[PDB]
Every structure is written in structure tokens, then in C-alpha cells.
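Take a look at this one chain, the form deposited without this ligand, written out in C-alpha cells.
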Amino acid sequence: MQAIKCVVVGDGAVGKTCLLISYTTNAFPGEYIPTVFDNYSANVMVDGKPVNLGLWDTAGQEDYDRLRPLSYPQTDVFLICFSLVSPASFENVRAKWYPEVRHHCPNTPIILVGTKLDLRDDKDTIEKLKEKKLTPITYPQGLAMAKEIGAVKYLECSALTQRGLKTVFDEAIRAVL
């Protein structure tokens, strides 16, 4: 059967590992969010086409610019993530992640995933950011970024609400098929 290997990348503390666990486990981790996410593989059907979706996390390597790209080769789709409530992780999409992934993978589709959706309209979160003269990233902004880097799709999700997860991986697979 056809395999699609998906590599999730992006700033640390963005939700990557949680997101991948929440998805593959169909349940938010809870109070204790595991640190390790072993390489995942499962059969998935999308638009009638059957595929073996492979998922690789990248936690712990975001700061090692020469080790980080060792997972890039032979990748079919990249999920460049960023926290909706973290303007900095957002800016890294254009300053760090996109340029890097594109350099190593000229022809690989990129889904721009926005995470921590559920914290976007959270009073405490919004105030915390306000205290730092900051504001969450809005859908229109995420979409523009996605358009700027030429992403195939711009999705948003919440490993907590588990909303948007399935979409994220299905669109990922479509981007390949």
C-alpha cells in the first residue's frame, strides 16, 4: 500500500507532540502531556484512496540546525505548525521554518497548521498577551502567511478540543494524492 510520510515541524512549545498524540490517540492527553511521540503509522482512507499515513514528530530538535533536517529527505508532506497565541512562533514560519523546509524540499507540499485554537479567545490568555503588547494571530493573518509561503492549505486546530485535527491530516494526505 502507498505510504505518505508526514513530518511535523515548527517552534517548540507550539503543541506539535500533543497535537500528534491527541490525533493518533483520539483523546487529549490531559494534565500530563507526554514528551515522546514514537514514529506513528496507520492505514487511512481519503477520497476513496487507501494510504498508510506515517507521522514523525520533531520535538527536541528545533534548536539543532544540522540535526533537524536529517528527517526532511523522502518526506511527502510537511506540517509547519505555530501557536495561534504565540506571535513569535508565527513569525518563525516565515523567518525560519518555511525557508528551511523549502530549501531541503523544493517540491514538497506544506500545510500551515495554526495550533492552540482554543486559547485564542481565552480571557486569561488574551490578557497575558495584552500585558506584553501582543495579540493572538487571527485567521485572516494565518491565511495570508499560508499564501505568502505558498502553503497548500491553512488550517487551525486544538489538540484540546480535538477540533480540526482530522481535517489537518486529511488535507495533508490530499496534498499528496
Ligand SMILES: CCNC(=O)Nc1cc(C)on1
Second form
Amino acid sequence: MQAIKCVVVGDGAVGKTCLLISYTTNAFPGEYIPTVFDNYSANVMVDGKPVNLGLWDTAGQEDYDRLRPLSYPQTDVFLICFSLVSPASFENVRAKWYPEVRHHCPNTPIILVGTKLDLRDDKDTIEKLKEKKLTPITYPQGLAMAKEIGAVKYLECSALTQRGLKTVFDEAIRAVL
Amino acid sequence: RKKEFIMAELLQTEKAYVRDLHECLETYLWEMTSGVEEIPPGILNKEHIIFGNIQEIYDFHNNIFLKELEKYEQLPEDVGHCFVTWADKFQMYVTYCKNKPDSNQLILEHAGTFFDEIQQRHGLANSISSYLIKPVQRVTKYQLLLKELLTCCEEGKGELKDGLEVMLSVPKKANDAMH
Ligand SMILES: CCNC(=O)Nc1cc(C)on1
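Structure of the form solved in complex with this ligand, given the form deposited without this ligand:
Okay, now the whole complex, with that chain kicking things off.
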């Protein structure tokens, strides 16, 4: 039965750990956001075909350029993540994440994932960006970034509302099948 | 509330780490050193390259560090001292990380399905690869838990900043020792 290694990369601001807990538990962790998501596997059916999905977190590695690539060999698909309310995290897709993923895994599919969709419409979030002369990342910005890095999909999601969350991981599996 | 959630996660995940390293040693490594089965010539007498010093990291956490963290369970504001007390032990993650590419390549080029078969035989969810990344994950997670404790402990919390300093220094030195 086909086994899929999926590694989640991106800035601290994406909320990678919270994304994986929310997906795998089908609930925002709410009260307390755990710092640890240990290597995970579950059977998940996509288009009738059962698949064993492996998920690795990389939270804690954001500052260790030579440690992060130890996780990359034999990856079947990458989620390269940015927060839709962190223009710095989006630009880091181009500056940091795509280059090292492509250097180490030149033929491995990438899903570009915009997280924190729930906050793109948040008045307080929008105002805090406005004070820095910034705005949230919009849908065509993600499409244009996806095209530039060769991502097979651009997908937007919220761990809070679960909006688009299941689709991310379905499309990671589809990128490999 | 928040410092208690953090300390509980520190302890629960430490137990899960000890369990994970134990499982790794008593399955993947034990099949090699056992003489139960035959070993591809590509990896014979190479268990020291595959597993690096993971035995010694396990002995540290299993014999010392879990037991000492548990004594800090009601003293989360002080737990940074545990990392200062035992800082020199963390140097063995520098050794482990240095060896990790050599481990991966040898598994890739020479192990064939030797470890995949052991995994199927024992019904493990985790591949040998999944186990051997765990020391790299763990050593870069302590700093996250110490940073969370700093968000919610008083300024009676330099029994955190020194600990975090150790647990930023260790992964940076491991990072800096890579080729
Ligand atoms: C602040 C509450 N909103 C979120 O944290 N939303 C998220 C987090 C991740 C990750 O994706 N959406």
C-alpha cells in the first residue's frame, strides 16, 4: 500500500505545527497550541485509492540552514507554507524555502499553501499590517508565486475554521499518485 | 495555566522521545547486532554509521534527563537550570547531526529493503528514517518550549533565559559542524 512522505516547510509565522495538529485531529487546538507534532502516519482514501500519509513537521529548524535538509531526502511531496497575513513569510517562499527544497529535491512536487486565511479579513490584523505599509497576500499573489516556483497547486487554508484544510493534504497526495 | 500546559508537553514529549529511541534501538539496531538474520554486505559492521551515537543520546535521556525534568514538574519557571546542569551531554547531538548524511546515504545506497522488511515484520508506523531524524527534531524543539515558558513566567525567569541560551547554542553548533 503506497506510502507518502510529506514534509511541511515555511517560516515560524505560518503556524506549521498548528496546521498539522488541526488537520490530523480535525479541530483547532484552541486552549493551548502544542509546540510538538511528532512524525505522523494515517491511512487516508483519495479518489477511492487508500494511501498511507506520513507528515513531518520542521518547526524549531527555521534558523538551522544545514539541519533542515536532513529531513528532505526521500520526500514524496513538500507543502511550502507562508501566512497570508505575513508578507515577509510569503517573500521567504522565494528567498529561502523554494531554493533549498529545489537544491535537495529537484524533482519533488510542491504544494504552495497560504495559511491563516481566517485573518486576511481581520480588522486588527489588517490595521497592524497597514501601520507597516503592508497588506495581506491576495489570491493572485499566490497564483503568481506558485507559477514562479513550479508549484502544482496554490491552496489557501485556515487551521482555525478548517476551511480548505482537508483539500491541502488531498492535493499533496494527488501530486504523488 | 500556560506554564503548566508547557511543562506537561515537555514531559509527555520527553517520554515519547525515550520510547521512540528505545523502539529504534530494540528493533532496527537489534536486528543488525543480534545475528538473528543476515545483513547485506553493503551495511555489515556499519551500525555505528547508520545509528551514530543514538545509543548514548538514549542513555542520557533514559538514565538522567527524563528523571531530572520530572523533578521540575511543579517548578517550570526553574526548568532552564536542568538544561544548564546537563549542557555538556547535549554536545552529543553535535556528533549525531555531523554523522546524519553519511547514515542516510549508506541506508539509501546499500541497505536495500533490509530495514523496510524489519518495519513490516514488527508492524511499526515509523521507518528507520523517521526514527533517525528524531534526535534532530528533539534538539531543535527544546528552545521552542523554553521560549514559550518565557512568554508566561515572571522576571524570576533567568532560570529560563540561560537554559534557552544553552538550547540555542547546541543546535547552532550542530548546524555549524555540518559539511
Ligand atoms: C489567530 C487565529 N487564527 C489562526 O491561527 N489561523 C490559522 C493558523 C494556521 C496554521 O492556519 N490558520
